[PDB]
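A.B. asks: Residue-level listing of the chains:
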Amino acid sequence: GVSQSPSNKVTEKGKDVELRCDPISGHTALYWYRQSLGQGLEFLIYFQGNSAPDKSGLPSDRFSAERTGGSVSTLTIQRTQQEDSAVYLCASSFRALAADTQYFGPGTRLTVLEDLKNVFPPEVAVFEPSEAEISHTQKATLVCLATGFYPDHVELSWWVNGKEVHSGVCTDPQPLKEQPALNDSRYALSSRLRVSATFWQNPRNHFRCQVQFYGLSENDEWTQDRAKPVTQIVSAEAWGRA
Amino acid sequence: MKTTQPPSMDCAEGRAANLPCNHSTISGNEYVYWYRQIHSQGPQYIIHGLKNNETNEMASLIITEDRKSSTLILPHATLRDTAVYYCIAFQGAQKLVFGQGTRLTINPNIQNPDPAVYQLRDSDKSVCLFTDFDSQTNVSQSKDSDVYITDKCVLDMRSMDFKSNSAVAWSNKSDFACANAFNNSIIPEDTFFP
Amino acid sequence: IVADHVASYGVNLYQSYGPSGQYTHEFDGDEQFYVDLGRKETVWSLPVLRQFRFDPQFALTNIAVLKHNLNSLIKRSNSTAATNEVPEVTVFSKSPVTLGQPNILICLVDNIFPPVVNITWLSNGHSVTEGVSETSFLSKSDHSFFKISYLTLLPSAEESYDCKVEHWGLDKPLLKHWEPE
Amino acid sequence: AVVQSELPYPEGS
Amino acid sequence: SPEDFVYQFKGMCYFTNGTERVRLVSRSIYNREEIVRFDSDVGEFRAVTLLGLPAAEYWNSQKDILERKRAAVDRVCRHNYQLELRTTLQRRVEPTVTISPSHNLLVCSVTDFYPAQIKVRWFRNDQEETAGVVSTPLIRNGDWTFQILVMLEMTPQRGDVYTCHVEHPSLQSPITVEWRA
Ligand SMILES: *[C@@H]1O[C@H](CO)[C@@H](O[C@@H]2O[C@H](CO)[C@@H](O)[C@H](O)[C@H]2NC(C)=O)[C@H](O)[C@H]1NC(C)=O
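Residue numbers (the numbering used here), protein chains in the order written: chain U, 1 to 242; chain L, 1 to 194; chain Y, 1 to 181; chain D, 1 to 13; chain E, 1 to 181.
No wet-lab data here; the hints were simulated from the structure.
Possibly wrong hints are sitting among the right ones.
[Claimed, not checked] Stretch by stretch, here's where chain U covers chain L in the computed footprint (C-beta under 8 Å, at least three residues): (1) 40-49; (2) 54-68; (3) 86-94; (4) 111-124; (5) 146-156; (6) 159-169.
[Said to hold, decoys possible] 16 Å max Cα-Cα, derived EDC-like pairs, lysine to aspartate or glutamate: (7) L:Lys51 / E:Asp74; (8) L:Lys173 / U:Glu178; (9) E:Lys119 / E:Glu94; (10) U:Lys55 / Y:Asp55; (11) Y:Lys140 / E:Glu33; (12) L:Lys51 / E:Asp64; (13) Y:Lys147 / E:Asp143; (14) L:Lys95 / U:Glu42.
The beta carbon of each residue, even a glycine, is placed where N, CA and C say it ideally should be.
Sequences and hints are given; from them, build the entire structure.
C.D. replies: Now the structure itself:
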C-alpha cells in the first residue's frame, strides 16, 4: 500500500509544510493530487523515475515536488495560504502514461488558518446508558460527545477494559459546526457504543472515550495565556453501575 | 469519453449490489476503472477491465459486448460497502478524473423496529438518544439553535447479529426534555417517551 | 523477419556515456520523426507528417524507464561494457555530378556502435559548416546503428571534399575523399 | 490524429 | 577510450498483405544483445538471453502489464498503420533517369524515387541487353528517396541507339531515355 505522512497538518498561514509519500515497491510512476469536498480530484504533478516531465498543474510557484531517490517523494508548500487547505492524495503505478492502475494512499488533510487564536482542544464527555433502555430492550447504549474543538481534525475511538473496540460503535461520519452561521465556528462530534445489559451492569467493566486532537506542535509558538492547543488526547471514562 | 452514473442508490445488506455505468462514446483504448471512497479517506481501487468480464475478491465487472455500458457487482453487500463509487474511462494520460460517482448506501435489515427516545446521565446533564427506528424514516434538523441533532448512523453489534439506527440530541438551554426535540422529523407514531 | 512493411514505433536509446538518449520512429527504414528531449518538441522529418501529433512526454517517460532498466542490466551483468565497432564510411552524390547543377554529398556512416560519432566536412583545408545536415541514429537489425550526413554543394572542377568521421572504434579519424571527376 | 507508441516497463533497480 | 553502457528498446510492427497479417515484437536490448522480447504471436514475454530472464519472470507475473502489451498490437501497430495508409504509403516520387558515358561503359542513373520497388532494363536497338549489364545495389539516400545505378558494358557502332528502361509504381507507363553518339 501507498504510505503518506503526516495524516493531519494544521498550520498558520505563511509557514512551510512538507508532505511525504511512500509509493508501492516497484512503482516508478508517482502522482500527486489534492481534493476538497465538495470538490473533485485535482491533478498536481507526476514523476517517472526521479524526473517530473509535467511541471504544470501546480497551483502556483509556492508548490514544489521532489522524488530524488526515485522512490519516496515529497511535496513542499512554501508560505501557505488559505486556499491551500485540502486533502493531498498520493498515488503510484508501474509506469506513467501507460494506463496503469493508480493506487492511492491515505492522504494528508491540510488546514491553513489566518490565525491560531480560535484553535482549541475538544471537550470529551461520556454519557451512561438510560435506565429505561436497559429495562425495555436489555441493551445499553452509551453516547460520547466531543464538543468545542476547532478545526475539525478529530479521531474518536472507544476503549473497553484497555482494549480498543469496533463492534457496537457508530461515530458521526462528519463533525457539525456549533454556530452554523458564523464563518469561524467551532465543531462538535458524537458517537454511540452499544453493549448488552449484563455487560454494562458489571461494575468491573471499564469504558473510555478517546479523542485524538490535531493542533499545534512543540515547534509552534503560543502567545495567549490560555493552554496551547497542542496535538493531544482528551478522554472521558465511566464505570459499570449496579 | 466521460461516464455517467446514478447519483445515489440503495441496497439491502446481504444482497448483491449492481452499480450501473454508461459510457457510449468510449474508445478501444479506454479501460473501465472502478474506485470507491469511504467518507472521507483515500480512494480504493476496486476492479477494472477492457472487453472481457473480470472478477476480483472484492467485486465483479460486466462489460457489454459493444463496450457502451458496464456494471460493477458487489457480491455480498455489507455496511463496509457504503461509499461513493466512481466509474472512469481511463487511457494513457497522467490525470485520472473522478465524476460525481454513485453515493451507495447499504441499509441494514432491521428485523423488529422498536422506536424509542431515551435520556442519559453524565458520569452537561442529559442527552437524548433516539434509537431502534426503521431505516425508511429519516431524521431532521431542529430550527432552534443550541439544540443539536446529529444525522442517523447505523450501529452494528456483531456479537448479537443485531443492528440499530440511532441519532443523538443534546442541549443546555430551554430545560430540554427528551420530548419534541426530534418531533421535527417523520418519526413513527408507535414511538414511546418514558 | 519477413513482411511487406516493417515499422519501429519507438526506437528508444539510452546510454551511460553522456548520459544521452534518443527517441525516433522509423517506417521502412526511414526516420519519420525524432523528439528533441531537451526542447521537448516533436520534429518531423517528412513534410506530409506534420499534420499529426505526438506527445513528447511519451518519449521523455520512455527514456526514463530505459535509464532505470540500464542501471539494472549494468548491475546484473557485472558492468559489461559496450564493444567498439569499426564504422564503415562511404561518400556518394544524391544525383549525377554535373559541374553546373546543384547536388548533395551523402556521407553514410554504417555499423556504428556505440552510437557516439563525429561527422564533419572538409574542403580544401578548412571545415565546412554552411549547408550540412544530419539524420538521427537509425536502427539496424543487428542492433547497431548507421547515420547519414548531407552537404549541399555546387560541384567545381577544383573543389574536392572529405568526410571526417571520429569514433572510438577508429584509432585515427577516418577521412573518405570525394572528387568531382 | 495522434501517433501511438509502444511503452517499455521498468525492471530491477 | 571512454566506457559506455547502452540500452535499446524497439517496438516493432510487421505488416503483410495489408491488415491481413500484423505482428508486434517489442525488443529489449542491452548493448547489442536482445535480452527479452514480447512477441504478440506468443502473447507473453520471452527471454531471448540469460540476462533477460529476471525481467521476463517479473513482467509475466503482472496481469496488468500483460494486458497492455497484448493490446499494443491494436493500440499501436494497427492505429498507426491507418495513418501510414494516408501518408507514407501514398508517397510517390518519380525516378529521374540520366545516362552518362563512362567509349565502352554506359551508366543509367535512376535517382530520387520512392517507394523502393524499381525495375531497370537496358535496350540496344530494340534488343534488350542482359549479358553486359552490372547494377549497384539499391541505395537508400536517407531522405525518403532511393537511387540505383545500372552500368552497361557496351561496344558502340555508327547508328546505335542505347535506351534505358525504368519501371516504378509512381509511373503509369515506363520511362525511356536514349543516348546516341
Ligand atoms: C567528438 O568531438 C568532441 C569535441 O571535438 C570530443 O570531445 C572531447 O573529448 C575529449 C576526450 O574525451 C575531452 O578531453 C574534450 O574536453 C572534449 N571536447 C569538448 C569540447 O568537450 C569527442 O571526444 C569526439 N567524439 C569522439 C567519439 O571522438
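A.B. asks: Next step is simple, just say for each hint if it's right about the structure.
C.D. replies: Status of the hints after comparison with the structure:
1. 40-49: Coverage by chain U holds for the region 40-49 of chain L (7 residues, Cβ < 8 Å).
2. 54-68: violated (count 0)
3. 86-94: holds (count 5)
4. 111-124: With 8 residues closer than 8 Å to chain U, the region 111-124 of chain L meets the three-residue bar; holds.
5. 146-156: Our answer is that it holds, as 7 residues pass the Cβ test (under 8 Å) against chain U, meeting three.
6. 159-169: It holds: at least three residues are needed, and the region 159-169 of chain L offers 6 whose Cβ sits within less than 8 Å of chain U.
7. L:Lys51 / E:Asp74: holds (13 Å)
8. L:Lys173 / U:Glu178: Holds, at roughly 14 Å.
9. E:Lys119 / E:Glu94: holds (13 Å)
10. U:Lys55 / Y:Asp55: The hint holds at about 15 Å.
11. Y:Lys140 / E:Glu33: holds (12 Å)
12. L:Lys51 / E:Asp64: holds (14 Å)
13. Y:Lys147 / E:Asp143: Measuring from Cα to Cα gives roughly 12 Å; hence the hint holds.
14. L:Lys95 / U:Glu42: holds (9 Å)
In the structure shown, a violation is registered for the earlier hint numbered 2 alone.
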